[PDB]
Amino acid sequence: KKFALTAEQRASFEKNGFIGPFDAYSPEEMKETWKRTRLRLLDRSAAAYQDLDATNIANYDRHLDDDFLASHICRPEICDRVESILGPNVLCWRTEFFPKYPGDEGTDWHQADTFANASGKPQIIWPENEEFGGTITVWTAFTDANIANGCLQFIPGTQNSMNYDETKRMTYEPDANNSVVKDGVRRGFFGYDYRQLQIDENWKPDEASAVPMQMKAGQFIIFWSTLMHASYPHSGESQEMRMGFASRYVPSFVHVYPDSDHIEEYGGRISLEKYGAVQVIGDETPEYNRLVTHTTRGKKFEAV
């Protein structure tokens, strides 16, 4: 395909667990798009999740209602590269906005395989006979992302061994988890402390090996959710907020929300009644995954 990963890019992705950044839009197109989208998103009247019983879940799955986001998750610049990794049939199962307002704590070091981390119940399940896990995250910079405003950071090559156990639980306590200093950096996990999920209580992330991923508005980075990743704090030197938009992809054989019609996490609870995965690549998905083809405003999931 036109935007497939090169053989060299594919080898680097296999080694590092991330690849990019790549361009989806020019910075100028992204700036104007985000200006409009940010306003539009304040209107939740068509959102898949009406009652939030509150929560970070408010940031979830706005592609299910929003015209632009519906196109974005299907961009060939993104999908051709995800296809290079995940094969001929792929679903977008989750999107999430990640704001860092001026002064916000950095995101905790974490890895996620099943996405039971917060809820205690797996959200994606790969074939049990195999050794694969996690989801391909595409994180798009809707604003510029630099160290001072809380860009992502990665510890390269850590995607093949989990340091966290998502069957352990972590307590939701926003009150307590506000800019807690961890190894000299203010960090948290949206009201949780991801250190609670460590397999070994005394183990620490190899933060000395962390690398920054600075990006311009309109770029995206592709990484395994099983990769050690985090963000710097937003120092507030800039009075502009940072916004990332994560779209999460799995091959269509992965079980999405097995045995669930609701999820409860991040201080909220939502019904999956209007949820579906979106088939962004290919046209075969097993019956056990509920799909949607259009947004709640009847916009088809296709790149425009």
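Only residues modelled in both forms are compared. Numbering follows the first chain given and starts at 1. Rigid core here is just the name for the largest C-alpha set that superposes within 1.5 Å across the two forms. Compared with the form deposited in another entry:
Here the rigid core is superposed between these two forms, and of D183, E130, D200, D175 the C-alpha of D175 is the only one to shift by 2 Å or more. The rigid-core alignment places the CA of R269 2 Å or more apart between these two forms. Once both forms are fitted on their rigid core, the CA atom of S119 lies 2 Å or more apart between these two forms.
Where the rigid core is used as the reference frame, consecutive stretches of 3+ residues with C-alpha displacements of 2 Å or more between these two forms occur at 117-121, 171-179, 264-269.
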Contents of the next structure:
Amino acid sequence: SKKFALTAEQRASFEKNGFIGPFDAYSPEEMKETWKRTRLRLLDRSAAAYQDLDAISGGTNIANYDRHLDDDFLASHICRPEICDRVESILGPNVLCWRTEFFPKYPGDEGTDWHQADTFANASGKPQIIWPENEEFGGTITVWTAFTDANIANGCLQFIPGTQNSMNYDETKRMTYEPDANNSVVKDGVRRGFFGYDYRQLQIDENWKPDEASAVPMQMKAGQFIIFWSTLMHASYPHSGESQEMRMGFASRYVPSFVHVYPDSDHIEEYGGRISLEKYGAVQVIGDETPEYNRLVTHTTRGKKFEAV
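Structure of the form deposited in another entry (previous: the form deposited in one PDB entry):
Left out here are the partners and the other molecules; the chain alone remains.
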């Protein structure tokens, strides 16, 4: 009954395909203006949850994590009813935003590798989210918002429909780090990579390949968002550099509050080091009940409440 709830037909399509949308959070004009201001603000990490990131060596997107914990706009964004009423339709009455991540594609950048994520296992094989072990559910609902236009030419997302119910990768396997890939590694005809790593190295079967012939593009205008299971096969196109503007996506990740977030961990464990979770918490964006085993925050590190404005 909530204003932006998924219709029954949208809920059915989400169940079949593993994604639904795009939907509008902002007009393109509002998004363009907001991102202009926000991009400049984010250069200042003085209030960021994670400090001393220079101690983490090798490949890591950690600098793009969890800026909602310090930023005024992002703190509202993760709580937008346009997003949350739809996540509620899938995840129920009590839901946490446990992770956010920026995905820049600069002109010429490689496409994101085909991947699925279920446990979000850390460097030591330890899951960062755990669902009830007596049940068959896994992963997180990803809401990917286009902070810029997202088109094939600048590296929009792509999905293989209906692949969210079986994992092709083992997140406890180890990838090797390539500092000098130069966005140049061609994988079945497409430049792809994973932050210096190769997600193919996580495959359960080394000889298996994604059903890329069945991939579908997801072009989006600035201010739109797409909702998908992290367990769905997903990737992005390369940025051809035809446009000299970078593409920016912002992912917010949601789990029901009964899911254990960073269980038995006081750090994000990357290949190159540990990042303290001292100033981390999950944000309760829907409902008001969460079990005590999940650490919550109610405000950013600059005292801005997590609520939609």
